[PDB]
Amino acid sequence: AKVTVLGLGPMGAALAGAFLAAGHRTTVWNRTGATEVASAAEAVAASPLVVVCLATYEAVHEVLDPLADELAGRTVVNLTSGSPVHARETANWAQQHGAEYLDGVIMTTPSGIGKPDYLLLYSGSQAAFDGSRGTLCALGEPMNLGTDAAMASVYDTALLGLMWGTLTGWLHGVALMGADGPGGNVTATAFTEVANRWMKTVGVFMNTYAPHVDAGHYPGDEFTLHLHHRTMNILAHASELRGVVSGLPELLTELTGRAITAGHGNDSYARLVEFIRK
C-alpha cells in the first residue's frame, strides 16, 4: 500500500520505518528504502494515505494549507500532538477541501513504533480508519475512539493523568515498602512483582465503577467510602511513621472526607467524581 509520511523527526522517522518494514510503498518528506521528495506537494501527490507528524498544529497548517486542492480524494491521518480545538479545526478544514481526516495520538515514544503492543488512538472519519487500519497496524495497535476528531487529544491527556496517578501511588508504595521497620526494607522490584498482579484487581475496580459514574448511582456494597476513608487514615499514619511524604494521603482523605461530610459514606469510590467535577 502507498503511504506518505510528512515529518521525519524522531517520531516521524520511526513511523516511516514502520511502514517500510511492513512492506508498504513509502514516500517521505521532512521540514528539515523510503522515497524522499523535496517538497510536501510531491509527497502528498504520491499516496492516497498521508500521515502527518509535525511539531505543532501550526506547522501542520503551514504545510497543508497551500495543498488544499491537492488533498481532495485523499486521507489525512494527523498524529501531531495538540489541543482538542486544533484537531477539530483541522478536521473541519479537511472536510472543506475534500479530504478524509483522522486525528490520532501515539501512546508511546519513537522507539515504541512498530511494536504491536503499544497503542495508537484515532478519532474522526470512520471510512478513513476502516480503510486504513491494516496500514496503520505497522505503527502499533490501532484503536478507533469514535467520529469526533478532537477525541484523541482529550483521551491522551486523560490517559496521562491516569498513568501519573498510577505511578504516584506506585512510587508512594515503593518508598513505603523500602522504609525501615517491621515488614519493610523490601526492594521496589519485589513490591512491583506483587503490584502488577494487584493491578488486575484495580482494573476490575475501574470496570466496576464506570457504570456507577454513568448512572449517577454509586452502590457502596463491600467497599464504602467509610472504609476507604478508614484505611486512608492508616496509610497516612504508616507513611508518617515510615517517612514517606508524597502528598497522596492528604489528597485522598480530604476528597473522601468532603464526600462523607455530604453524607455519601455508604457509596462507592465512583461517587467522588461529583467532588472533582464542576
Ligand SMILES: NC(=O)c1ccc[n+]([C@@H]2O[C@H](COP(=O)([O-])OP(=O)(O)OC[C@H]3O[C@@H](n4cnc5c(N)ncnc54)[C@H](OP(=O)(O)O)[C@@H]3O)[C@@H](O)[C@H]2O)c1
Second form
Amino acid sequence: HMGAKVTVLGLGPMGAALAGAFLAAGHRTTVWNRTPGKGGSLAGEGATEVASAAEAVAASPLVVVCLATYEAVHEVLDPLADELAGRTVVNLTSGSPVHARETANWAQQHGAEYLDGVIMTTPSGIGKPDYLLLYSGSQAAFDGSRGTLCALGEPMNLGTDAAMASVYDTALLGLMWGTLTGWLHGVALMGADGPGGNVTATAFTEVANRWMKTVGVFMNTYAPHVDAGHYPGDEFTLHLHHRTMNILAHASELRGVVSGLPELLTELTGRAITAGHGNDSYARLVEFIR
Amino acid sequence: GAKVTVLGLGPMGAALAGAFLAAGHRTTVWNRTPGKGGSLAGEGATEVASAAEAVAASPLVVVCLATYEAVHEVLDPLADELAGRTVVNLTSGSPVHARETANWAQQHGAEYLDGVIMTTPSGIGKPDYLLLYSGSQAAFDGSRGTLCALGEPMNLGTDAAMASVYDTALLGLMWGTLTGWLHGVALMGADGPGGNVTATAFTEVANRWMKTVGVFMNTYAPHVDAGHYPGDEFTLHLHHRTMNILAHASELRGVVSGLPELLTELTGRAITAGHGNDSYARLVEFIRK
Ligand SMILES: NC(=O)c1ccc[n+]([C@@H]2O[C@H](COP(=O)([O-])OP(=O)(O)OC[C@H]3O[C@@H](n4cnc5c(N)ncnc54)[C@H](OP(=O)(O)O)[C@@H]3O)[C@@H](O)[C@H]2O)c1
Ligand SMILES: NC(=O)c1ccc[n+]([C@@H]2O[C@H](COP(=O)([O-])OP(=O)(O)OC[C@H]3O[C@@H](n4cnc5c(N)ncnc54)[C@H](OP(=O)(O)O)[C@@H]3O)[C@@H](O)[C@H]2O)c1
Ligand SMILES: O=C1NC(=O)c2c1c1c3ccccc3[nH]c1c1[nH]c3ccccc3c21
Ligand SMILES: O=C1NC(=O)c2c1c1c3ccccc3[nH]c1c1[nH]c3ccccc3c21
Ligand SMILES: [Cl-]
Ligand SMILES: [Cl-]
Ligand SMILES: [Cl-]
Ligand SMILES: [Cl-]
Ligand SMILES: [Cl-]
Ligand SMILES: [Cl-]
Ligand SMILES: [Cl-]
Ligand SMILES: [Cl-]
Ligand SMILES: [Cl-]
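For the form deposited with this ligand bound instead of the form deposited without this ligand, what are the coordinates?
Then the entire complex follows, led off by the chain already shown.
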C-alpha cells in the first residue's frame, strides 16, 4: 500500500531495470553497483544509491541480487555473512542448479531466507504484463515478498528446492527453441514457390497463433501420460505421427526447406515404432530421449 | 436449417455430419459402403443410397474421403450434376491434388473450396479447433455460417492448394513444440538438483510461458517478411550461448533428443556468417533454398 524497503545489488541492464520497476511501484529502493556511475538516472527516479554493498544490505530486509554470475554473487555476499542474518535474499542471477543449491545452503547457514529465481524476459519486459519471473526456495520468503516482487512481473512459486528455477529456465528455453524452430520451418515451407505457396510469414503466423491453442491441448493431454507411464494413443498414434512426418519431409525436400527437423522427428518416432509402440501417444517418446 | 450433404462416413466424415446435425442443419449423408449411417439417421440425418441423390439434395456438398483418387471416383460421374453447387473438399492430400481438383471443379461450374481438418474426430464441433479453407471466396463467404458447425473456419486465401501446405507447416510447428516440450519434461524429471519435477507441474508453468513464446513469433514474422532481423535485447549471440548451456545441462542429466545439437549447428552457421546481433528470424535464411 505505502511501499516496502527493497535493495537491488547490480546495476547492469537487468538489475537497473529491476530497480526501476521497484521504484515505479512506489517502493523505497536502495541500489548499489560495484562500479560507480551507473545509477544517476535511477537517483532521479527516487532511488538511493550507496557506495558499498554493506550499506545497501543494511538498508532493507529484502535484498534482490542480479549480477553477472554466481561467482560474482559470492564475491559480493561472502564478506556480508553476518550482515545478512534475518534478511531475505532473492537471487535473480542466472546460473546452474548446483550453484543455486550451494548459495541456498550458505544463506541458510547464516540465517538469511533464500529464494532463487530466473527472469523469463529481457530488461524491457520487466514490469509489463504476462512476463514471468520464476522463484524457488524459501516459501516464507516468497509469501512475505510476493507483493513487492509483483513490481517486476508475474511471480510463480515453483517449490521449495532452490535449484528448481535454474532447471525450469533451461527446460523452458528448450521448449521455446523447439517451438520457434518448428515455426521457422513452417514459415519457410509456406514462403517457398509452389502450388499453395508464396504465403507471407505474417499470414502464416496469424493462423499459427490460433493453432497453438490446439498444440497446448496436446501438451496438457500428454503430461499425465508421462507421469503415469501409460501412453494411450487414442485418435493420434505414433504410426500417424510417423506417416505425416514423412509427408512433411517430402514436402520440405521438394520446396528446398532443409532444417534437420523432419529427420530428427522421423528417427525418433521410428525408434519407438520399431520397439513396438506405434499405437501409443507422442508421450511415449519421453522414454526414447531420457 | 441450411441444407448440407456429407459424402463419406468414415470416422471423420461421420463426425462432420454429426456436427452439422448438432447445429441444426438439414443434413443428407451418403457412403460408398452401406450400413454406416444408422446413428446419424437416429440424430435426424437423411441417409440416401447413391451419391447422385446426395449431391442433388443440397447446394453445399462436403466431401471427406480417404484419398483424392476416391474423390474423383465419386464425383467424376456427377460432373453435370455439380454445376452451380458448392463443393467443400476436406480430404487430405497434396497441393497438386487440390489444384487439379479445383481446376476440374471450375471446368464444370462448381464452386470449389479445399480444406484441411486440424483435429481428430473427437475435436469436431468443439471450441478452438480449426478447419482451414482455400479456394473460392464466394464459397467461403456463402458457406461460412454452415461450416462454423464443424469448428472455427479460417479462409487462407484464393489458391485451393494453400490448405494442404498449411497443414504440413502447422504440423511441423506442432512437432517442434512437442519435441521441445518432451525435452523439457525429461530435463525436469531427471535426477539432480532442482529435478524430479513431474510433467504436469512443468506443463503448468510451460502453459504460461507459451504466451511469451507467442510474443516472439509475432515479433519475428515481420522480420522475415521485411528481410530485416534486428536482434534488440535477444540476439543470435545470446541464443547460441544459452543453447550451449542447454546442451551441457542435457548431457549431465542424460537427456539425448538431438535438439540441442540441431540448434547450436543452425545458430552457429548464422553467427559464422556475421549475424550474431540479429533476431531468431534471420535463421530462415539458413534453412531455406
Ligand atoms: N539482460 C537480460 O536480458 C537478462 C535476462 C534474463 C536474465 N538475466 C540475468 O541477469 C543477470 C545480470 O544481467 P545483466 O544484463 O544486467 O548484465 P551482466 O553483464 O550479466 O551483469 C552485469 C552486472 O554484474 C556485475 N558484476 C559482474 N561481475 C561482478 C563481480 N565480480 N563483482 C561484483 N559485481 C559484478 C556488474 O557490475 P559492474 O558494473 O561493476 O561490472 C553489473 O552490475 C545475469 O545473470 C543475466 O544472465 C539477464
Ligand atoms: N480421422 C482423422 O483423425 C482425420 C484428421 C484429419 C484429416 N482426416 C482426413 O479425413 C479423410 C477421411 O478420414 P477418415 O478418418 O474418415 O478415414 P479414411 O480411411 O481416410 O477414409 C474413409 C472414407 O473414405 C471412403 N472411401 C475410400 N475409398 C473410396 C472410394 N474409392 N470411393 C468411395 N469412397 C471411398 C470410405 O468409404 P467406405 O466406408 O465405403 O470404405 C470412408 O467413407 C482422410 O482424407 C483423412 O486424412 C482425418
Ligand atoms: O544472460 C542472459 N540474458 C538474457 O536475456 C537471458 C539470459 C539467460 C541465461 C544466462 C546464463 C545461464 C542461463 C540463462 N538463461 C537466460 C535467459 N532466459 C530468458 C527467457 C526470456 C528472455 C530472456 C532470457 C534469458
Ligand atoms: O490421415 C490423417 N488422420 C489424422 O488425424 C490426420 C491425417 C492427416 C493427413 C493424411 C495424408 C496427407 C496429409 C495429412 N495431414 C493430416 C492431419 N493433420 C492433422 C492436425 C491435427 C489432428 C489430426 C491431423 C491429421
Ligand atoms: Cl554513492
Ligand atoms: Cl560462475
Ligand atoms: Cl536447497
Ligand atoms: Cl506455382
Ligand atoms: Cl490467437
Ligand atoms: Cl440408404
Ligand atoms: Cl490420391
Ligand atoms: Cl540431487
Ligand atoms: Cl495459462
